[PDB]
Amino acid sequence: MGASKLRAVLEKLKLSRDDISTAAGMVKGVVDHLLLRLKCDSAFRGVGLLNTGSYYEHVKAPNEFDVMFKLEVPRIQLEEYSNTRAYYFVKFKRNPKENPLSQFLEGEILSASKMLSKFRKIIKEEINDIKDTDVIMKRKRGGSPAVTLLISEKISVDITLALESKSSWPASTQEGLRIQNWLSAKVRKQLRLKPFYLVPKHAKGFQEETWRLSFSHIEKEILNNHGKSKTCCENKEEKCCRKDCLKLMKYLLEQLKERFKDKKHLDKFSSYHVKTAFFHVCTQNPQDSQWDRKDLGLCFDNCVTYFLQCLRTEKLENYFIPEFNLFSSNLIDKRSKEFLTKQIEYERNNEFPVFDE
């Protein structure tokens, strides 16, 4: 596939400045309201907005947003569940002390379901009272930590609540973030000093009171500063195609998901898998020269091939948690991965007709 053929698709995916300004304004307009009204509680007092991009995550629809609500918790003690390296129980070291979130304490373990229930209920009751904009609160999805709302029957916003921990990263993430050859071990050192987050997600019956590790902020960090050279993409001679490869991959997965929307094979595949795979390829190809713009197509293929391999071998390690396989037999069944593999292979073999619209 030609580089200009791909960059043409990327060119057509570009949304104008107005489409960003108006939608962004309509989003922040409700985000500020919900944010300020959430402060009217002892629990969600120190709530805050976390920058997980503050824009859209999927290229095509640009009417879908994703915001993350951070809530700091002091000196928490985590307890890994069932040797699932990603999922944890939240306990407090100072149990004798009275906690603001004490109402949600399921004993010594902080219940995620209660917090999600109160949070979501507050959102529903506030979305009821707003009159300046037409907003409806979307139905609860299957085991989703998010709360979605629709503004003016066109804008989708997924609000995800998350606990913040300034303490050192868990031992499961120790051998993760292998960016030493890519962004230097210094940057890894300084990045691991940053806080980590926790989202209310249950692990497989289901253990409904567990939390998942989240490093979305770090993903944004390495994503916006992606080159081995510090002046990468700041000058003409240092333009690369990492972000373009990520856009192309995400768009391919999205379009494939939409083509077979009627089926249920690709419903479990999300942009996070694509992101993860892309990070793995970045680790594999750390040199900026390996990401020359004129090599876009080739680069894209590298992102495709590897991804296919992960589907073929049923192995896709979480970039921060190596021992956690996103493509395990438990999470996603072989049949679906075979389907996606066949589709992607077809696309590549026929010059990606899914891009042509």
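Here the rigid core means the biggest group of C-alpha atoms that line up within 1.5 Å when the two forms are laid on top of each other. Residue numbers count along the first chain shown, from 1. Residues that one form lacks are left out of the comparison. First, how it differs from the form deposited in another entry.
- Aligning the rigid core between the two forms and inspecting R94, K91, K243, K166, the C-alpha positions shift by 2 Å or more at one residue, which is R94.
- Relative to the superposed core, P322 undergoes a Cα shift smaller than 2 Å between the two forms.
- Relative to the superposed rigid core, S54 undergoes a CA displacement of at least 2 Å between the two forms.
- After superposing on the rigid core, the stretches of 3 or more consecutive residues whose C-alphas move by 2 Å or more between the two forms are 53-60, 94-98, 142-144.
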Second form
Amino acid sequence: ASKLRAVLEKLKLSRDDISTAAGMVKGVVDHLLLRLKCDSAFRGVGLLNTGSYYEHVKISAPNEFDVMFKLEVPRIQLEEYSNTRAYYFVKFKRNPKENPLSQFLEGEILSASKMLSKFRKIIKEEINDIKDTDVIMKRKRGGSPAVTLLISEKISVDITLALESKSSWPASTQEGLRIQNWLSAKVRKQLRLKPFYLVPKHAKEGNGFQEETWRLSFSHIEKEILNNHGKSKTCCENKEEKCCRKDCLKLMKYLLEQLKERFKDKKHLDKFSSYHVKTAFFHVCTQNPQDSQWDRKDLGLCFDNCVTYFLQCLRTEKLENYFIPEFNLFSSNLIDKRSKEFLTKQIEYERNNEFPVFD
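Show the form deposited in another entry, please, because up to now only the form deposited in one PDB entry has appeared in this conversation.
Left out here are the partners and the other molecules; the chain alone remains.
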């Protein structure tokens, strides 16, 4: 109640930190975007600002920014890899015109691993010829489609290549985005007329990866929803309509960040990410579609609703991707049962003890 408000106060981003970080990031990102347009493959590349900073749910410090370098790929033909619902091979239809991505084809399949290698290579060469600014590239991770930069040893920038398709969303999405009773059927229809994205994250094949696979991304839609999040079009535009939706997501993010920090050397929580609590939070929005169910005065209850839904997800080992219902973020394949039981026990103790990990 009063204690949660004091936590939200401490999580607020400093105006001075925002001013310095926003300037540093824009300078680096604008430069790379310019250099990439100069390569034959990446002529159409455009910027999408995404994740928690641009959703206004970043907590503590503005020290991690996300951007998509998107690229329209006309006449795309997707093939689902192995019923995984989220991972696809990219092929092309008949096209008289030369394909600008020819260099990355393996037979008829656009190689995610080749395209990412060149993307990463270009960015690497380019961040040397930045001289005015201190910028290094961190080592490639199999988990992330992103190239990660560190600016002035303090600010991380994740850049993901993203193919843009203006086609209908794949069939795996048909029962996703259950926003009809919250944001309206007409908004669901408008969002589903927007493009979708594919990022070069590869699917599991036995011991390793199917290195040519891409994964669906709806980061653009997640941002649209968080920054236009009410049943009322004037939600949070006036003092009579201040909801606690973003406050509840910030508190869930802080709960996980604090537990991950406390066990950062003991492995049990390494497989959990902020995307787990972001996804769970969108599900609680579907369950609680009225702005009256997110009144600022009910912060403690609204936060409890998010905590108990997340606990139910851990116990049942079910957390659907918000866009792709048959994609289980909490499957055995991804997170072993012992890790989920360990997180459940820490979160139960926090809920039973008024969240001492916040104090």
